[PDB]
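There are 2 protein chains.
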Amino acid sequence: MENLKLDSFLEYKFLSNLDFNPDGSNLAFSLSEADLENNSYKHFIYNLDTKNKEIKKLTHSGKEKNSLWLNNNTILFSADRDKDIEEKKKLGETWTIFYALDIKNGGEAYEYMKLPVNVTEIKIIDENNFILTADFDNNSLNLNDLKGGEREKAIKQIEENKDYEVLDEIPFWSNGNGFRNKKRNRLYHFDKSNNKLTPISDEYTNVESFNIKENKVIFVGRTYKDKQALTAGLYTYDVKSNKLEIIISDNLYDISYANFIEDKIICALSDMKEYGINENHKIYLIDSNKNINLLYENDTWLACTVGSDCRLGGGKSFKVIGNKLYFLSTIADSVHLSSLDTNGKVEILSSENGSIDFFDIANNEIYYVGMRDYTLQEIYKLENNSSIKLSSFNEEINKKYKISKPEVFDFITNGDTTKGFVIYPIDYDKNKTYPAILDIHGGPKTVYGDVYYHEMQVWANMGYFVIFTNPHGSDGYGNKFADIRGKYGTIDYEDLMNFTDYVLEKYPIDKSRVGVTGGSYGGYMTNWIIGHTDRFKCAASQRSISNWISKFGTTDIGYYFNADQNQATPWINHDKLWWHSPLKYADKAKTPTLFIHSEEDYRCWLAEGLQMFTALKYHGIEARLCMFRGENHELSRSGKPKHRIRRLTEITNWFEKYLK
Amino acid sequence: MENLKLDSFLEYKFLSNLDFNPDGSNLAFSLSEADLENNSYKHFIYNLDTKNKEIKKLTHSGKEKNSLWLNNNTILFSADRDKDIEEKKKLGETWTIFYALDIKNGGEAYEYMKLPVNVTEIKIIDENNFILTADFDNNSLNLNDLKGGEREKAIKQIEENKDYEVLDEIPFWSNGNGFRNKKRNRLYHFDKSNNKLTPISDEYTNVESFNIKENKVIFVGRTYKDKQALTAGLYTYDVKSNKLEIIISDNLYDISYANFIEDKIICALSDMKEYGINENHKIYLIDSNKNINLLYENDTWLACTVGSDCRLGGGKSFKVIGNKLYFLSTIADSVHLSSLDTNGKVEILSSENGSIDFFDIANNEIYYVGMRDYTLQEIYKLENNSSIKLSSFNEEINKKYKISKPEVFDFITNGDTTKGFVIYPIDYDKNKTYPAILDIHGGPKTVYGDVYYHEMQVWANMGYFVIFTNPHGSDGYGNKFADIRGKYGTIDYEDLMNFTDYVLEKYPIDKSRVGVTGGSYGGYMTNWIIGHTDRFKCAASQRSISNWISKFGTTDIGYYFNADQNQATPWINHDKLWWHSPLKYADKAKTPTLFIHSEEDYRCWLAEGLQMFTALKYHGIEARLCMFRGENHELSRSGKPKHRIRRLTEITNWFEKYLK
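One line per chain: the protein sequences are A and G, in this order. The numbers in the authors' numbering rise by one with no breaks, and the one at position 183 of the first sequence is 183. The numbers in the authors' numbering rise by one with no breaks, and the one at position 411 of the second sequence is 411.
Isolated chain A, as found in the complex:
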């Protein structure tokens, strides 16, 4: 082998967009890989034949991801191979060009469609009919329709308007998407036959999800003019009657999935009365007369929440075929693939140890991408609760480099039993003593698992122990285990400190050289940890939360997600919201702390990292902060390659200065 290095992730391959053709013969997917020279990513389109089992590389310029199957022969994708349209978009025009790539009859990609909107997702009624969600600006100048003097007047106004941002609704930006004031994700119908682009959802509605069966659309709708509500409405629309029908009013529940199943509608849904915003959605059925009836009392977040920094892109996590609804659920450190028929029978289909990222089903043949055996993403076919490995995109990674696989064990703390993980240092000697790093998984209701994580292997290849666990608040063990509302920094902080106590005694680690790092919620805990204990000699706080009050007014979810998680508000029990803020305890922090933060991170605003850094510096504590431009919360998982190398370098150099 050879030592894994900081930048070794440049050679990793990431899979996305697993989609079948209607006849189940060919399934398409995309491969992404780092492009260090251009600080971007190359995206290729691939195909596997379901009976030949042969992988085929379809694109080679590196700017194409498959979005849709036109028919069993032809994959459609969006690109920018029209230099005229490209320069029009720079001026302010909105356009999306789709091409077509014959596999059965061959050739190269040829232009199939031009659509005068910027599309976010596309689905197919037939060859000349598509259902659309796309960016829509209520203050758009409509540069496509303008000509003459009014055109040059708009080109200048659009250019000048880049120097401002106007805000008059309480979520004025979204992380990963920039400023979003008075702009919505709107649903459209496009008829290629007559080039007619027909709106479905109105001007103020954010379409969060949509599905189609034949000529009928079902979508999720959040609508607001000044304040986004916690509830979403369910709506349907037919592309022949042009009738919109309110299925569920927009002030009852927050729905996560809705689709057609047989002659009625299945829907994940919750009124958030028991466990708040993040309550696990139960699955109901909606009959013809719009009655809601329980079908299966699920107690899981219906998604793969196993953390990793070796993913780029995604696919389907829900599917409806026949009478069964196939879904995902993270159960402990792993993901399950289960079904649910219209009778309520829950069969479990895949309870393997690794993560299931996304999947597709065609003729009761199940294909998925996942991370098994602590290896990177590969395509597996599912047969009788066991997986056959088809692709070999990342097989040499584990054979080329020295990977230290975690030691999984059960850990008891605070009346419940969770998972504990300890990664040995490379070339481990029981006669020596080593330093360690405690990694706290970002997001409260997420999961650490036996899944290849690059940043941990990097430090294990440099002589570090890397330990981590899933404290109270993580996903996996239902709403009860995840409920830490009003308990931030208590039973979860105990869980982490109890885990650190157990590890530094059971494993041979120098207690005097222990670091701690974490992002998002993990960055909050790092700021909390350094303000309550002296046991870590250095810390790294990334995209963190330091001031719940300051975070209330500057976060894309802050004005409602803070009140739900801390049971407080800058005006109702302010002392509680301040008690849970790590900035309050910054005058007792003595631990040197590096701060990673992104300027366009709107899930955790720059103010949070700026405050803890200033506080430690005010009290004469060594500190450091690296601000990343053009990046956001997703820097560690999907940022530009150089900015990922810079983040990994800053974090790796800080431990080296204080732990070696």
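Think of the hints as simulated: they come from the structure by calculation, not from any bench. One or more of the hints may lead you astray.
For identical chains, the list gives no copy identity; a pair is met inside one copy or between any two copies.
To be verified - Straight-line alpha carbon distances no greater than 30 Å define the calculated BS3-like cross-link-like pairs of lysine-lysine that follow:
#1 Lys316 / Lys480
#2 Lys183 / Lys640
#3 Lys90 / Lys162
#4 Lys42 / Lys162
#5 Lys57 / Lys83
#6 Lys487 / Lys576
#7 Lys290 / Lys123
#8 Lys640 / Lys90
#9 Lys225 / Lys430
#10 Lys511 / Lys430
#11 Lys88 / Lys162
#12 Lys192 / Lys576
#13 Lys83 / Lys156
#14 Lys162 / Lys83
#15 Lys588 / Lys487
#16 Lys153 / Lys405
#17 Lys319 / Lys657
#18 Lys657 / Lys162
#19 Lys57 / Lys319
#20 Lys584 / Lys487
#21 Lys243 / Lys196
#22 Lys642 / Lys90
#23 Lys660 / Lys227
#24 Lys182 / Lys657
#25 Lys225 / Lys319
#26 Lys584 / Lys182
#27 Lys389 / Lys240
Given the structure of chain A, go ahead and fit chain G onto it with the hints provided.
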């Protein structure tokens, strides 16, 4: 008589850099005017022959400000007329080219000097020796000295470094200067004969003031590696012996002015023990034994603090000549010009109603630029406490547009008699009724005066009353009147509301239609007002403060100034610091409020504006926020023309929408 329009300031002229030549024969100065088409400002160098008062324009390209007098016939200025140097600056090289313009012999400017640093201020000893302060970076790659392969790697490293910012000091940025982490304002001596540039201040000292007599240098020092202190250091440098000498340590006093006088040193100091950071500086005399003897117990902020938006640049507020020290002092409504001889005697040389922006003296001849009789900037000569107007760059403005001059009266409140102002609406009728606008000046210890203020005149020309005053905390009545430490929102809020009630009774103002607005501390009070009263039907909060614990960690001055003004701290009496924050009362805010804020404002950072807006939108109140890119706290005074028009238009349409 035409109506003054919103964009009428595009026709104003602004003077700066009033500077004598060594024999008092000529007076150089710069004129500045807005260039809307290029969204910038043109600058021209003028001359004034002191014998017959002839005004001459000397440069015409629009990119020149006068720096020094090379001799009695030549002005020295910096510009960019070398395209090779211009492109090397874009790559990373530090350069400044100085051109010489012979006013007597004629011709155009010719290149005189080239210095491999970015110069922030320059002074001349003789025609071959100069004292500089210039930008210095402790992490500079020194691209000027690099060649070959190390150059191409440094160029790319400089370009890639633009994506990040590294912080490891508690003042890491300065308003109007961007990020300043580990960058200092360093003093240099440049010998033009042998092209030697020699440092004087060390690699970590911020030089904030310096003066020269013969071949000696006096300068002021702020030195820090991790935390800028409140005290400054006074040192001296001889350029022949290369001798540096500490005459006051940097841990004793804060100093505002320091200069050579006769055979000793005159200096403005203070131990901030009686009134804090903003304590008025006494003027002391330092003998050759480095003993510091009191010369005059000055009780003034030795500067011009009369606010106005019709200035661009500045000049000299101090001048030592013979045995006297001529200085400015805002006495209450206006700016005086006094003198102080080494015997301790104070003479009042100017005590007129307007403002004195900056001056200069030669052979008992005192010229200055000032705003008198509610007219824009003009050059005046001062003789026997009365001024003679020598320029008319803006004389047509008051003759062509409808200017409503203020009515000034005495106004007692909270045991002190301050000034009150009311500007009538244009075409005023005694029997009709009008809406009003409250303007609160921005710097806590500054002053509103009988000085042309554009935004006030724009609103009066649209049918508004404009009212403003000087509450407790303002400049112009000694320390005691300016002492609102720990009193933010108490007496200062009462004095404004007492003034507003006074004006609403005497004048025919529709109390139903009264707007309020202000920036900086006037933006804090606007945020304070809407949370503590509903009497204003609409508000406009510019570059405001809303959350003191938030401003502590995210502001160039917040970690020492906020504790000085509120006598609190996020960790010491936090209840008090949270009390003086207007965000605490946002739940009681019912007044629709517009928010003006800039992205690169580091005096009141973006977090303050976002929190008040999100809080008001959270409570169902109408609110609007306009964010300005590329501008800072000085937007309303020196921002780019289009952005100044946008801010004015944003505020005006807000008043128009709710007050009409």
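Now for the hints, and whether the structure bears them out:
For the identical chains of this complex, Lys316 and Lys480 are intra-copy neighbours only, at 27 Å inside a copy versus 69 Å across copies, given an alpha-carbon limit of 30 Å. Proximity of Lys183 and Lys640 under a CA criterion of 30 Å is satisfied in both settings, with 26 Å inside one chain copy and 28 Å between copies. In this assembly of identical chains, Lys90 and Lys162 lie within 30 Å of each other by CA distance both inside one copy and across copies; the values are 12 Å within and 23 Å between. For a Cα distance limit of 30 Å, the shortest separation of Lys42 from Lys162 qualifies both inside one copy, at 29 Å, and across copies, at 23 Å.
In this assembly of identical chains, the alpha carbons of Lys57 and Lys83 lie at most 30 Å apart only when taken from the same copy (26 Å versus 49 Å across copies). Taking the shortest Cα distances, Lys487 and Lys576 sit within 30 Å of each other both inside one copy (10 Å) and across copies (26 Å). With identical chains, the CA atoms of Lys290 and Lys123 are at most 30 Å apart within one copy only, with a shortest distance of 26 Å there and 83 Å across copies. When the C-alpha separation of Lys640 and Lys90 is checked against a cutoff of 30 Å, the pair qualifies both within a copy, at 22 Å, and between copies, at 24 Å.
For the homomeric pair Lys225 and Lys430, neither the shortest alpha-carbon distance inside one copy (63 Å) nor that between copies (42 Å) is at most 30 Å. When the C-alpha separation of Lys511 and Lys430 is checked against a cutoff of 30 Å, the pair qualifies only within one copy, where the shortest distance is 15 Å, while the shortest distance between copies is 82 Å. Both within a single protomer and between protomers do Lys88 and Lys162 lie at most 30 Å apart by alpha-carbon distance, with minima of 16 Å and 28 Å respectively. Neither within a single protomer nor between protomers do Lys192 and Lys576 lie at most 30 Å apart by alpha-carbon distance, with minima of 57 Å and 65 Å respectively.
For a Cα distance limit of 30 Å, the shortest separation of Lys83 from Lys156 qualifies both inside one copy, at 21 Å, and across copies, at 28 Å. Taking the closest pair of Cα atoms, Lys162 and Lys83 come within 30 Å of each other both inside a single copy (23 Å) and across two copies (29 Å). Taking the shortest Cα distances, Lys588 and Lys487 sit within 30 Å of each other both inside one copy (21 Å) and across copies (28 Å). Within a single copy, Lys153 and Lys405 get their C-alpha atoms no closer than 61 Å, and across copies no closer than 38 Å, so neither meets the 30 Å cut-off.
Neither within a single protomer nor between protomers do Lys319 and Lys657 lie at most 30 Å apart by alpha-carbon distance, with minima of 49 Å and 51 Å respectively. In this assembly of identical chains, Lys657 and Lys162 lie within 30 Å of each other by CA distance solely across copies; the values are 25 Å between and 42 Å within a copy. When the C-alpha separation of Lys57 and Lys319 is checked against a cutoff of 30 Å, the pair qualifies only within one copy, where the shortest distance is 26 Å, while the shortest distance between copies is 77 Å. In this assembly of identical chains, the alpha carbons of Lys584 and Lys487 lie at most 30 Å apart whether taken from the same copy (16 Å) or from different copies (23 Å).
Taking identical chains as interchangeable, the C-alpha atoms of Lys243 and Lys196 lie at most 30 Å apart only when both belong to the same chain, with a minimum of 17 Å there against 82 Å between chains. For a Cα distance limit of 30 Å, the shortest separation of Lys642 from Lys90 qualifies both inside one copy, at 25 Å, and across copies, at 22 Å. Taking CA atoms no more than 30 Å apart as the test, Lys660 paired with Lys227 passes between copies only; the shortest distance there is 27 Å, against 50 Å inside one copy. Taking the shortest alpha-carbon separations for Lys182 and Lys657, only the inter-copy value of 20 Å comes in at or below 30 Å, while the best intra-copy value is 47 Å.
Proximity of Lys225 and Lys319 under a CA criterion of 30 Å is satisfied in neither setting, with 33 Å inside one chain copy and 59 Å between copies. In this homomeric assembly, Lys584 and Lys182 come within 30 Å of each other (Cα to Cα) only across copies, at 28 Å, whereas the closest approach inside a single copy is 36 Å. For the identical chains of this complex, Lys389 and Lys240 are neighbours neither inside a copy (44 Å) nor across copies (80 Å), given an alpha-carbon limit of 30 Å.
When held up to the earlier numbered hints, the structure conflicts with 9, 12, 16, 17, 25, 27 and fits the remainder.
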